[PDB]
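A.B. asks: For reference, the chains in residue letters:
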Amino acid sequence: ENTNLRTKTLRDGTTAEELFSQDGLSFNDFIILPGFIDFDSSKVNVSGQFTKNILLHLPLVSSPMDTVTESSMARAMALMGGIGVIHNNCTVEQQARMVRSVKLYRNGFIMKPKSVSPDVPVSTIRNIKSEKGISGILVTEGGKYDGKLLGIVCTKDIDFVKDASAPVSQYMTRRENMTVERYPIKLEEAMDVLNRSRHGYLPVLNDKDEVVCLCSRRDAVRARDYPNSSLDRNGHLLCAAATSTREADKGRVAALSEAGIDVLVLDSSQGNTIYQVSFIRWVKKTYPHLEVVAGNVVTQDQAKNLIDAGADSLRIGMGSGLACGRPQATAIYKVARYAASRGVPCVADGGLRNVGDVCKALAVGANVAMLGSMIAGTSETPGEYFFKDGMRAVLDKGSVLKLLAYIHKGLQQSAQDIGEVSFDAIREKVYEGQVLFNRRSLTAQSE
Amino acid sequence: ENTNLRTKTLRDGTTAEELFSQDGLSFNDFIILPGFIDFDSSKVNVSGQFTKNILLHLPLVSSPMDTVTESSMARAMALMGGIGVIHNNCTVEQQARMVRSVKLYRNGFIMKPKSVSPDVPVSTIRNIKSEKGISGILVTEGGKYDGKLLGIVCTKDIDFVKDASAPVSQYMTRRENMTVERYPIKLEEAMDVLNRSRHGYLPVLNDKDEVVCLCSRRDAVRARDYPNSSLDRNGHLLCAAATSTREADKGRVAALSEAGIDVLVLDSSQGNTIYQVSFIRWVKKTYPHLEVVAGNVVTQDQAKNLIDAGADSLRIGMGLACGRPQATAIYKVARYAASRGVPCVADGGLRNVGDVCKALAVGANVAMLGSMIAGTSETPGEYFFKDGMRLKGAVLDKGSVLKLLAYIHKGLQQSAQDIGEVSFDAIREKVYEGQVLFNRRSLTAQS
Amino acid sequence: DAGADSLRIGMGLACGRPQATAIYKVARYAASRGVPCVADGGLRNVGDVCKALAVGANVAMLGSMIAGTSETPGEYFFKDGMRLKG
Amino acid sequence: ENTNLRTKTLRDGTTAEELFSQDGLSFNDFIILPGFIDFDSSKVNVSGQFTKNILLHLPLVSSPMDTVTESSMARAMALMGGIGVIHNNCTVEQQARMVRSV
Amino acid sequence: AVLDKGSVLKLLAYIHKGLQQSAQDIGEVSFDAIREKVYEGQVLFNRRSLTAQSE
Ligand SMILES: Nc1ncnc2c1ncn2[C@@H]1O[C@H](COP(=O)(O)OP(=O)(O)OP(=O)(O)O)[C@@H](O)[C@H]1O
Ligand SMILES: Nc1ncnc2c1ncn2[C@@H]1O[C@H](COP(=O)(O)OP(=O)(O)OP(=O)(O)O)[C@@H](O)[C@H]1O
Ligand SMILES: Nc1nc2c(ncn2[C@@H]2O[C@H](COP(=O)(O)OP(=O)(O)O)[C@@H](O)[C@H]2O)c(=O)[nH]1
Ligand SMILES: Nc1nc2c(ncn2[C@@H]2O[C@H](COP(=O)(O)OP(=O)(O)O)[C@@H](O)[C@H]2O)c(=O)[nH]1
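Residue numbers (the numbering used here), protein chains in the order written: chain L, 75 to 521; chain E, 160 to 606; chain F, 440 to 525; chain S, 6 to 107; chain H, 5 to 59.
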């Protein structure tokens with residue numbers, strides 16, 4: 075099961091360079107020829123580079139459209155090993171709030187735990203639960219998360235109360251009878267003593283009995299259930315956001331960075347503009363820690379200009395999902411190849427209708443694929459559910475989590491047939507002529 | 160009181176008796192005319208009699224088909240105020256097991272609580288919660304539901320355990336440190352102490368510290384979340400099972416009675432048989448506490464024999480060269496049955512809300528949903544992605560039946576409001592009295 | 440009886456009535472009490488309008504026959520070789 | 006926003022000469038690849054030469070068909086920056102009258 | 005017979021804005037410029053397979 079049985083010498087097939095050396099191709103114009111299998115598909119590494127410094131376990135990105143990606147969608151994507159791009163069809167404050175909802179969902183130490191005054195009614199606690207999905211409210215002097223811990227409120231503390239106008243001080247669990255930990259605590263010790271606690275929450279108090287931070291058992295369980303979540307150096311879910319390149323958007327970017335985005339995705343049908351070029355340089359000079367994915371491109375000429383400005387990644391697509399544009403398969407292969415030579419990953423955006431098209435798009439050179447329409451009916455989308463004849467406009471596809479798992483197994487099985495245990499491996503063998511294709515006549519496509 | 164405004168003296172309309180005096184009709188042949196409104200649609204009682212002694216808050220019954228009603232579906236129906244009929248395309252024991260799932264899911268005093276011996280591994284508890292969905296396992300001498308109480312195992316006692324082979328006694332919470340109660344106590348007081356303790360479970364022990372029964376906080380919340388659940392005299396969800404009427408099926412009926420069915424439903428294409436007459440008589444003689452829904456009938460002649468044999472209820476519907484248009488059959492059979500104090504179940508042909516409304520209006524007390532429920536997640540089957548679609552097998556995915564049932568409830572109320580009566584019981588009576596009036600539609604008057 | 444000077448006839452769920460019958464019945468009753476009626480809905484061509492007036496309606500209400508005209512609210516656009524309002 | 010950012014050196018694309026060097030093409034057989042933008046579309050000069058000595062602000066001409074171009078159509082076209090061709094499915098005097106009307 | 009398209013004036017304005025937006029994407033501020041750059045190889049095209057046209 076070694077190199078001798080895997081390396082093609084006969085090379086009966088067509089290389090990508092030959093395949094894309096003529097008229098522009100759709101994904102249905104070609105097919106990938108099988109290779110040599112010595113491994114179960116469960117072992118296939120599907121990972122791709124979203125940007126220079128960000129590797130995604132699942133090479134899947136949710137589109138920045140107001141019908142697809144908001145907080146809930148972005149959370150789901152990061153949980154499964156990919157990432158979401160919060161859309162920019164909202165006010166600056168609204169988009170920043172969505173980013174915080176994603177960033178602050180998972181964390182190890184909760185730095186600004188949600189706190190209330192002892193006088194607030196149970197109704198506001200229940201509202202916090204239904205809207206923000208946060209239990210374990212800390213009751214503190216003044217309501218400021220800054221300390222003076224008086225008690226905590228959990229679901230079993232309010233579920234039986236009939237007068238929602240009652241102060242939480244009546245029903246909360248009071249500090250006198252609470253298990254807490256003092257300031258110099260390491261996270262691993264803190265989580266261990268919490269699990270021993272058999273409680274959901276462990277406040278960390280300073281010597282004045284003030285709240286420095288909070289530990290949540292829900293975060294422990296989330297790690298166990300989603301071991302491949304896309305996380306940053308601080309244990310938060312990764313979150314991208316989209317903006318245009320106009321001058322007014324600079325304020326929007328600043329608020330987005332202050333809210334914790336890890337990647338900035340530029341919004342333009344064609345991104346090869348003096349405006350996008352300036353914007354990238356300004357983002358790089360002002361927010362170096364931020365990574366920029368540059369506007370939509372279809373030609374190496376466009377890709378050169380945006381890469382020169384400092385773009386950490388490129389979004390590929392035009393006329394894919396007007397006499398100006400380019401067929402997606404060709405556009406991906408050409409741009410992704412040029413960008414690879416400059417060490418820049420690429421995102422396939424548009425034309426990805428099924429699992430097979432996503433496989434081809436990665437094999438031909440895209441590091442990660444952007445899902446717009448494949449995700450349209452899932453329950454993490456911003457829309458609302460209604461019954462015309464069946465649902466709960468588009469069709470209800472269920473939970474995006476189950477769909478992402480289905481795509482993941484799809485990619486793994488396609489990689490197994492192609493004969494490589496890695497999509498990094500597939501992309502390299504495609505450039506080398508060891509992964510071969512076959513253009514299909516139109517008749518061959520009908521059958 | 161607005162009797163002058165609501166009672167029709169002009170009577171511009173067709174009475175149900177005139178409408179059904181000609182060729183057989185389906186629900187699209189006629190429309191219900193508007194009445195008089197002086198109430199919000201929220202205040203409409205849609206309840207109907209499933210059988211002589213069973214009133215359903217929601218007049219909906221899930222069909223006894225292997226693709227519709229098993230334990231989960233029957234739970235969902237009962238919780239929403241309807242009921243479900245476990246299908247009989249299974250073995251006796253499998254059907255009995257499903258009945259038990261429904262009956263013992265919601266209940267006040269848990270009588271044979273799932274207990275364990277101290278030597279059992281953490282693995283089995285995870286299995287208990289996974290396969291059966293129960294998280295209050297009691298640790299007892301000999302692992303017998305009636306043995307000395309030694310501890311409880313709940314979710315947070317197992318969150319963190321890496322060697323699942325470990326004994327459950329290592330991580331349980333010892334009886335030494337549990338808040339419990341002594342045998343002679345009342346359910347009202349037991350739930351009050353349970354709510355005050357902030358725990359999920361409260362065991363009731365005898366004077367030898369042997370377990371007598373168990374109180375679950377989940378049943379308390381299920382009561383709040385589903386205040387209209389179809390309950391029996393002991394706080395369990397109502398459940399119904401189907402059977403055939405041949406001699407072999409007497410063993411099945413004995414099994415279902417022991418498993419706790421509240422309604423026996425006879426399954427037949429045509430129920431006007433010597434075999435069903437004898438079966439009904441036998442069920443009523445040997446199992447007096449069982450109500451019976453008699454086989455599918457389409458005519459009063461058939462209804463007379465099954466009612467005369469002792470049926471508590473009738474299933475209306477048939478459709479070969481033998482059958483009858485569904486709207487006529489419901490009206491005729493229900494009208495005859497009503498004069499003898501027997502409710503009727505509209506079975507089949509109920510594709511939208513309007514049909515359900517019309518079926519209730521024309522005499523049916525309760526409607527049987529087969530296809531409207533076919534895609535919901537509480538039906539048996541597995542989900543798959545065929546072509547950009549989530550399907551169960553096939554049919555399209557309709558989401559949760561709970562949300563659908565609420566939709567139908569709101570629909571029934573709204574159409575009741577137009578008709579001008581605060582009750583479907585009123586609508587049935589006013590139809591028979593000629594105060595609710597219809598219009599036959601010409602064919603060209605379709606839309 | 441409450442004081443209406445005129446009535447809108449038309450409805451159409453499981454509740455409503457065929458439009459031609461409703462206009463005739465309601466208009467005939469209303470006429471005996473000296474009240475005119477407005478045929479509302481289901482008037483797609485001239486013949487329907489004619490029939491509705493003939494059967495008792497004094498006046499017809501045009502919804503869809505007027506939908507595209509330039510005096511309606513909305514802006515014009517060119518979708519596919521067509522001028523549309525939305 | 007100068008020549009360095011606009012001139013293609015990589016030349017990733019197909020020239021018109023290559024594109025039309027084979028079987029005959031309809032307009033749907035090809036697509037124009039994008040370039041480099043440093044200006045609002047409001048500034049785009051769409052003008053074309055109708056003839057050697059006639060430059061049209063709008064490069065649009067109405068067909069000389071009896072169902073398309075008479076006086077009114079020809080007037081509208083010239084107003085918007087283009088031109089109309091009065092059709093010849095009429096008597097000489099009738100067509101001349103239409104021209105005078107324009 | 006055909007459908008009423010309204011005033012040719014509004015249609016000519018729509019085409020005018022269409023051409024201006026297509027020229028912007030192509031990257032030239034003039035159609036005289038586009039035609040010359042096409043002859044020079046600085047405006048490039050891409051033939052589309054039949055499948056690529058269906059999508
Ligand atoms: N650090 C603590 N010390 C003492 N008691 C605590 C502590 N944290 C939580 N409690 C309380 O212990 C009891 C058990 O926890 P809890 O109600 O959270 O279970 P739960 O159903 O999972 O609710 P939640 O959604 O908040 O986790 C509650 O009354 C809670 O207020
Ligand atoms: N009667 C009791 N006395 C003492 N401890 C108890 C009692 N009942 C449960 N506990 C323990 O309280 C702790 C918290 O209970 P827990 O929240 O895990 O119950 P639960 O019903 O499974 O709620 P949930 O699943 O929503 O978190 C656990 O260690 C549990 O073993
Ligand atoms: N007490 C508590 N706080 C949490 C928990 N999880 C997250 N938080 C924090 O609680 C805050 C809730 O959001 P918030 O600041 O009120 O949103 P805003 O009002 O729109 O600015 C955030 O700072 C979260 O980080 C939890 O489980 N318990
Ligand atoms: N510990 C515990 N037992 C429950 C609960 N709800 C129901 N039960 C009981 O647990 C049992 C269900 O499992 P069981 O019938 O023993 O499975 P079987 O061995 O296949 O018959 C029944 O005795 C129920 O009454 C709960 O919440 N906690």
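Calculated from the structure, these hints are not laboratory results.
Be careful, since some hints might not be right.
[What the hints assert, rightly or not] Derived DEER-like restraints, expressed as beta-carbon distance ranges:
1) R270(L) - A553(E): 20 to 28 Å
2) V104(S) - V6(H): 20 to 28 Å
3) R405(E) - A479(L): 52 to 60 Å
4) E205(L) - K291(E): 31 to 39 Å
5) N302(L) - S201(E): 42 to 50 Å
6) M70(S) - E506(L): 58 to 66 Å
[To be verified] Keeping only pairs whose Cα atoms sit at most 27 Å apart, straight-line, the calculated DSSO-like set for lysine-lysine is:
7) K518(F) - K21(H)
8) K345(E) - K230(L)
9) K273(E) - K288(E)
10) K378(L) - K41(H)
11) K545(E) - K476(L)
12) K443(E) - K462(L)
13) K206(L) - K562(E)
14) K367(E) - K409(E)
15) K82(L) - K126(L)
16) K462(L) - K551(E)
In this text, a Cβ means the ideal position worked out from N, Cα and C, and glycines have one as well.
A.B. asks: None of the hints should be skipped; say for each whether it holds.
C.D. replies: Verification of the hints:
1. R270(L) - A553(E): 20 to 28 Å: Check failed, 49 Å falls outside 20 to 28 Å.
2. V104(S) - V6(H): 20 to 28 Å: holds (25 Å)
3. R405(E) - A479(L): 52 to 60 Å: At roughly 46 Å between Cβ atoms, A479(L) and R405(E) fall outside 52 to 60 Å, so the hint is violated.
4. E205(L) - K291(E): 31 to 39 Å: holds (33 Å)
5. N302(L) - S201(E): 42 to 50 Å: holds (47 Å)
6. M70(S) - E506(L): 58 to 66 Å: holds (60 Å)
7. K518(F) - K21(H): Within the cut-off at roughly 15 Å; holds.
8. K345(E) - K230(L): The given pair, whose Cα atoms are some 22 Å apart, holds under the 27 Å limit.
9. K273(E) - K288(E): holds (11 Å)
10. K378(L) - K41(H): Holds: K378(L) and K41(H) sit about 20 Å apart, inside 27 Å.
11. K545(E) - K476(L): Holds - the C-alpha atoms of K476(L) and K545(E) are around 14 Å apart, at most 27 Å.
12. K443(E) - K462(L): Status violated; Cα separation ~44 Å.
13. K206(L) - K562(E): holds (22 Å)
14. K367(E) - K409(E): violated (42 Å)
15. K82(L) - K126(L): At roughly 31 Å apart (the allowed maximum being 27 Å), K126(L) and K82(L) break the hint.
16. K462(L) - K551(E): holds (19 Å)
Comparing the model with each earlier hint shows violations of hints 1, 3, 12, 14 and 15; every other hint is respected.
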